[PDB]
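> Each chain, letter by letter, is given below.
Protein chains: 2
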Amino acid sequence: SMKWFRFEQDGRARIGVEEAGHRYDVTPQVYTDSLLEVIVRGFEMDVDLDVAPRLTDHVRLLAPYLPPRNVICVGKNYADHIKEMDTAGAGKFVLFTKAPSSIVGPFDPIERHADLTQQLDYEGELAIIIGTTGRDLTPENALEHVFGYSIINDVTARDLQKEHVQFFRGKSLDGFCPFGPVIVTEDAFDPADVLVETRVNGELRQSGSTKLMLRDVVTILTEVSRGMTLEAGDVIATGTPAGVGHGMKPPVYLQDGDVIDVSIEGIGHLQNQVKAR
Amino acid sequence: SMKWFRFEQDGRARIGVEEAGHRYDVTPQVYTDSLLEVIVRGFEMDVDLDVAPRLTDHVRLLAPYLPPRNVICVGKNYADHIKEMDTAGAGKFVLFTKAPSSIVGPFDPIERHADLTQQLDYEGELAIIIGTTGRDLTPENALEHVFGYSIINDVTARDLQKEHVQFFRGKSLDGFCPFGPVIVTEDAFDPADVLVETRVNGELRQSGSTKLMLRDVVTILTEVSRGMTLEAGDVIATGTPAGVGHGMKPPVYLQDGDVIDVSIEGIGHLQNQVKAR
Ligand SMILES: [Mg+2]
Ligand SMILES: [Mg+2]
Numbered sequence: 001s002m003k004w005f006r007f008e009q010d011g012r013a014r015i016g017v018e019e020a021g022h023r024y025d026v027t028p029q030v031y032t033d034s035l036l037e038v039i040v041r042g043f044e045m046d047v048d049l050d051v052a053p054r055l056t057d058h059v060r061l062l063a064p065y066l067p068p069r070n071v072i073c074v075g076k077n078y079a080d081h082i083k084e085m086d087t088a089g090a091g092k093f094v095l096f097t098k099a100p101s102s103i104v105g106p107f108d109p110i111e112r113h114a115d116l117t118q119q120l121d122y123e124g125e126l127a128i129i130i131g132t133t134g135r136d137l138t139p140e141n142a143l144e145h146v147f148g149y150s151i152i153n154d155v156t157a158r159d160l161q162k163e164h165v166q167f168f169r170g171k172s173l174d175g176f177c178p179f180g181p182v183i184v185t186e187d188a189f190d191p192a193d194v195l196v197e198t199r200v201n202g203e204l205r206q207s208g209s210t211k212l213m214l215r216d217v218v219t220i221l222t223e224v225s226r227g228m229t230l231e232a233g234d235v236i237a238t239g240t241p242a243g244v245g246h247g248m249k250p251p252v253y254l255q256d257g258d259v260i261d262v263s264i265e266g267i268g269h270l271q272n273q274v275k276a277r
Numbered sequence: 278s279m280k281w282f283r284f285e286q287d288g289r290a291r292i293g294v295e296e297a298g299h300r301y302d303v304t305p306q307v308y309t310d311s312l313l314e315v316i317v318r319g320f321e322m323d324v325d326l327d328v329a330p331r332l333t334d335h336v337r338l339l340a341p342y343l344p345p346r347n348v349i350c351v352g353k354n355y356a357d358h359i360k361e362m363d364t365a366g367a368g369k370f371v372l373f374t375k376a377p378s379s380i381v382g383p384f385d386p387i388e389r390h391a392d393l394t395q396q397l398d399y400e401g402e403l404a405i406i407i408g409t410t411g412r413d414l415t416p417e418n419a420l421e422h423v424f425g426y427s428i429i430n431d432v433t434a435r436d437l438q439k440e441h442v443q444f445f446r447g448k449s450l451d452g453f454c455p456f457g458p459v460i461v462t463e464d465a466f467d468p469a470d471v472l473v474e475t476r477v478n479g480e481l482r483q484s485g486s487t488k489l490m491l492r493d494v495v496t497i498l499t500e501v502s503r504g505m506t507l508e509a510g511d512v513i514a515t516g517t518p519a520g521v522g523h524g525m526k527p528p529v530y531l532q533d534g535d536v537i538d539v540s541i542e543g544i545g546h547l548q549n550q551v552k553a554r
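Each protein sequence line maps, in turn, to chains A and B. Counting with my numbering, you get residues 1 to 277 for the letters of the first sequence. Counting with my numbering, you get residues 278 to 554 for the letters of the second sequence.
With the rest of the complex left out, here is chain A:
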C-alpha cells in the first residue's frame, strides 16, 4: 500500500511515501518536489526503498498539491439508513466547484469569516485524484484514469449558499477546502465499502460507508466526463454522509475553536480547527 504525500522541511516542500507503517522521503528517486508533477507525468519513476530516509512523525504534511483547476464537487450523494429503496432525496446529479484559493492542508486553520457567515458547516468526503486526462469515460476504463484517493472537507457557509443561490461562493472562501493528508494509489484502495467519519471536538457527527453512495466512484467518473475532459490532477469530491451540522435537530454551526477530524479508513485523518483572524 504505497501512499503519497508532500511534507514540509526548512519552510520548503518535499515528497514522501508510506509502505507498511513508515514514511520514506522519496524526493531523490522521483526528481521533483511537486506531487502534482508526479501525477501529471503519468508513470511511476521506478523508486526502490532501502535507499532513502525514514524521518520522524512530527514531520508536518502539506496539502497534496494546489489543484490546477477548481475542485469538482457532487451534491447529495449518500443514502441515510442504507435501504431507502432506490432514492434518498430527489436524486438529481448535482455538480459545483470550490476555488483552489480555498485549499489548506492537514492541521491548517479554517478561517472563521464571522463577518460573512453565522452558518459555517463541515462535510467529510472521499476525493478522487485523476491521473490521466480523458473524456467520455466508460465502466471499463474509468479507474484506469484514477491516480488515487484522498480526503476533502467541503467546508460550507449554509447562509451564503442561499444568498448567492449557486453553491460556488459559500464553498469557496479562503480556508474552506482542507485537502489531504496523503493520496492512496488506485491499485492499493477499493472505494466499494470504506468508512467516512467526521468528529467535531471529539463528538462523532458523520459515519457512513461508501456503500451508501447513490452514485459510486465509477458512475461519478462516467457521468462527470460526458462531453467534459478531466485533466490529470483533477480532484473530485464525491459527497458527504448524513450528520452535517445544518441537518441536525436542532442545527449546529461551527464556531472559533472548533476542531474537525475527518477520517477515511485506508487513507487517514484530515484535522483542521476553525480560527478567527
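Treat the hints as calculated values from the structure; they're not laboratory data. Please note: incorrect hints may appear among the correct ones.
Derived DSBU-like pairs: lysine-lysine, alpha-carbon spacing no greater than 30 Å straight-line [stated by the list, open to error]:
{"no.": "1", "chain 1": "B", "residue 1": "369", "chain 2": "A", "residue 2": "76"}
{"no.": "2", "chain 1": "A", "residue 1": "92", "chain 2": "B", "residue 2": "353"}
{"no.": "3", "chain 1": "B", "residue 1": "360", "chain 2": "A", "residue 2": "162"}
{"no.": "4", "chain 1": "B", "residue 1": "360", "chain 2": "A", "residue 2": "83"}
{"no.": "5", "chain 1": "B", "residue 1": "353", "chain 2": "A", "residue 2": "162"}
{"no.": "6", "chain 1": "B", "residue 1": "488", "chain 2": "B", "residue 2": "360"}
{"no.": "7", "chain 1": "A", "residue 1": "92", "chain 2": "A", "residue 2": "249"}
{"no.": "8", "chain 1": "A", "residue 1": "162", "chain 2": "B", "residue 2": "439"}
{"no.": "9", "chain 1": "B", "residue 1": "552", "chain 2": "B", "residue 2": "526"}
{"no.": "10", "chain 1": "B", "residue 1": "369", "chain 2": "A", "residue 2": "92"}
{"no.": "11", "chain 1": "B", "residue 1": "369", "chain 2": "A", "residue 2": "162"}
{"no.": "12", "chain 1": "B", "residue 1": "439", "chain 2": "A", "residue 2": "211"}
{"no.": "13", "chain 1": "A", "residue 1": "162", "chain 2": "B", "residue 2": "552"}
{"no.": "14", "chain 1": "A", "residue 1": "92", "chain 2": "B", "residue 2": "526"}
Following the hints, complete the assembly by docking chain B with the ligands onto the known chain A.
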C-alpha cells in the same frame, strides 16, 4: 494603446499586440510564449513597436490564455430599460464557474454535443482579467487589481442547467467558453458605457450597454473578493444583456452550422460556429 493577444506561427504560441488595428509579434521583447505569464509577472516590460515585425498575413488567433482556474461567472446582471434600474440591482449576486477545458479561441468551433443538449444557447459578456492577487478589494483599489478586459461567450446547455441544478456542468462542456480575441488594458478601457452585441447567423440577438449592469465592474470586484482571494489571470464574466435564445417567444437554440458573433466596442469581435464533432 496596446491590446494583447496570442497567436500560432509554425505551430508555436506567440504573443502579439494590436495598435490602431495593426498586429505585431512582441514575443522577442516580452521573452515568453504565454500571455498568462505576462499578466502573472505583474509589470509592463517596455515594447518598441518600431522593432516589432508587423503581421501582414492572416494569422491563427488563440484564446488569450488557458485560465489557471475556472472562469468566475455572474448570473442575471442586466436590466432591460435604462431606467428599469431604480433599485433593480438589489437582486441576488449569483456566482458560478466554467471549467478552463471549455475555453476555445476566436473563430474556433463550438462542439454541438447533440447527444447531450437540445437547448444549446449563447450569452455575450464583458470579461474582467485580474492582474494582481488580492482579497477584500475596495472601490478605491479595485481597478488597480485589473490587467484588462476581453470578451466571453458563456455558451449554455439550458437543459443541463435544469438537470444538474447548479450551472457548472451545463456551462462547462468542451467548446462552451469562446474567449478573446484580445485583452484591452485597464489604462485604455472604461466599462461604464460600452455596447455589447451578439448576432446569430448575422441576425442581431443581443444589443445592450454596460450601463444596464445591475452591479458594475468595481462592485463585482468588491463583492467577489469579499473573503475570497483573486489570482492574477482570474477571468470574471460580468453577465449578458437581454436577448438570449432561451428567453425568446418562441425559444430558439443553436444547431450544427450556426455562427455566433459577439461584439464589444473598443475590444473587437468573437466569431464561433457550432459544429457537430
Ligand atoms: Mg459536499
Ligand atoms: Mg453568463
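> All hints, please: hold or fail.
Tested hints:
no. : hint              : in the structure
1   : 369(B) <-> 76(A)  : holds, 24 Å
2   : 92(A) <-> 353(B)  : holds, 24 Å
3   : 360(B) <-> 162(A) : holds, 28 Å
4   : 360(B) <-> 83(A)  : violated, 56 Å
5   : 353(B) <-> 162(A) : holds, 16 Å
6   : 488(B) <-> 360(B) : holds, 10 Å
7   : 92(A) <-> 249(A)  : holds, 25 Å
8   : 162(A) <-> 439(B) : holds, 17 Å
9   : 552(B) <-> 526(B) : holds, 25 Å
10  : 369(B) <-> 92(A)  : holds, 24 Å
11  : 369(B) <-> 162(A) : holds, 9 Å
12  : 439(B) <-> 211(A) : holds, 28 Å
13  : 162(A) <-> 552(B) : violated, 37 Å
14  : 92(A) <-> 526(B)  : holds, 28 Å
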